[PDB]
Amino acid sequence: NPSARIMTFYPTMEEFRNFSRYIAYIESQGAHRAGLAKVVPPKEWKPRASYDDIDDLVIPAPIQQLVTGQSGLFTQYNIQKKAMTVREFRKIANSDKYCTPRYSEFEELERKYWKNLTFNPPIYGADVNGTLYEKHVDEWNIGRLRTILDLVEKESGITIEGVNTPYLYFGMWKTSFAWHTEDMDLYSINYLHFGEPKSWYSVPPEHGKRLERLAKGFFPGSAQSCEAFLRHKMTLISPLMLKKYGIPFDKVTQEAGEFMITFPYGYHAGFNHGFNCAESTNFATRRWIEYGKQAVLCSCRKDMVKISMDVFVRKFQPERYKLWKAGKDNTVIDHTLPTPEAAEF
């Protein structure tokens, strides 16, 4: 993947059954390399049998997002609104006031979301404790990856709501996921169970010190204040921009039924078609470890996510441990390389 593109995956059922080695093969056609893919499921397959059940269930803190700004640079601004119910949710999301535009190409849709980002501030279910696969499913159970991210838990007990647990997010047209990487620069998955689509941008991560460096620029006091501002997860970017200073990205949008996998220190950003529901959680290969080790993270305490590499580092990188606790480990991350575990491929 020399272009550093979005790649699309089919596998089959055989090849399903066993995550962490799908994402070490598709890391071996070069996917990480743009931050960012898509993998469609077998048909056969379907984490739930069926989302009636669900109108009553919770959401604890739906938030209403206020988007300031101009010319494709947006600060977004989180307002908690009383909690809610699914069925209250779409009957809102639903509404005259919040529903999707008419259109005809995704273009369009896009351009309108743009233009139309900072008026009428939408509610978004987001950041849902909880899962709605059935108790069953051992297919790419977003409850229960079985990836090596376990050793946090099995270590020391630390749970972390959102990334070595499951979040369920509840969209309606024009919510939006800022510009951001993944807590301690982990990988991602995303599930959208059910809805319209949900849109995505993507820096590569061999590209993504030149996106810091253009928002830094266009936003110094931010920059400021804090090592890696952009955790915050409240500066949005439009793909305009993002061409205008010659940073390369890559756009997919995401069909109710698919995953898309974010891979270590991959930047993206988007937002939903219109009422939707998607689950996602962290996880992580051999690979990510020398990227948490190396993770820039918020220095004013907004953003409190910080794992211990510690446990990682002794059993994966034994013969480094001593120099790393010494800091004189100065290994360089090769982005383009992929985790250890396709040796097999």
Contents of the next structure:
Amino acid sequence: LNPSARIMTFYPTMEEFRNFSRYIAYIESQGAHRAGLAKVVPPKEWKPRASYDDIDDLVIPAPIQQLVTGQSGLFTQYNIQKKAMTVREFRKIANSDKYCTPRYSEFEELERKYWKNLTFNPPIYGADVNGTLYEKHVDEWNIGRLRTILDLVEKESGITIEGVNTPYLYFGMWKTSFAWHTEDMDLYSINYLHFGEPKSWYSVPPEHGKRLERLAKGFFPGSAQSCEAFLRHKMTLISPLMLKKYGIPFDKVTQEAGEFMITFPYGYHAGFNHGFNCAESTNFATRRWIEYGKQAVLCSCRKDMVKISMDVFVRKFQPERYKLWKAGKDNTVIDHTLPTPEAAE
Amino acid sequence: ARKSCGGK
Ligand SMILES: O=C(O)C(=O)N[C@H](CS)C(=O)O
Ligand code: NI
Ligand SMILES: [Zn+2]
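And the form deposited with the partner chain bound, for comparison with the form solved without the partner chain?
Below: every chain and molecule of the assembly, starting with the one above.
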């Protein structure tokens, strides 16, 4: 199923849309996960919030200015911390003639401009804001409470990891970027574009992720020497033309306001914002993720990087392998094509 | 620990 591992789009009915975990299992039954990324368009009758006009005073405590350095499809992005600002102020800048989206016809045009201009006129990204724009009463696909097994971390050990088991908000402007990465602990992430201009994505199938890694180590050998997991630093940008040149399979997709993107364990992805917009995101899990989390290769070189104890997941969901794993003897080989166990239905 | 999207 989905042998091309191309990014799939889904249009669930409200009935199917109601149960989050269940629907993720469904799209996995259709091979969605093979692409590393999937889009889900909500029922048109569905909205997370009534009006966004009341958020103008919302504080973005730590905007970052993205200074990209490099050439020929290979870049390293540096972040400059900026003083806090309100959504109102941020929007002013995003729409200012200096930072506004350029003119263009077809996305392919805007895309060529992004890759041409990204090292010029460093933009400001309204990233990693703690919070949610969901109304408290919305029970479908609520990034605040998705009720997946990732909830076990909090339930068991009381541990909160912001952005991972709590929601983040992202206020983008033209040419703001997210570098190539998989999620912390190779989890899933969910991303909802509340409003504004599009967000475009690139994705490498999990079954090809190791090839991207090898390519990246070759391009940035100093960085790979210093840390195995260096891509987790989220500083590495690589153009689609470069992927093509080196024969890394990938697909692209553009996410529009009102649409969800789902990323899947060990799906590498990267992208950029088209212009002023706002997205909400967090991580989540399924039973299938557990083996990924056990095998995730993590950043060594920075302190306090996100690390989740798998012990609770292995004891609960792999009791038969628990002693083996604790002994370092668990040899399980991940098969990226296999759907989550919940898809039996 | 926190999730962070940006390099440095
Ligand atoms: O939702 C994601 O997995 C993701 O990579 N989001 C980035 C933040 S790292 C973004 O929207 O810019
Ligand atoms: Ni991500
Ligand atoms: Zn590192």
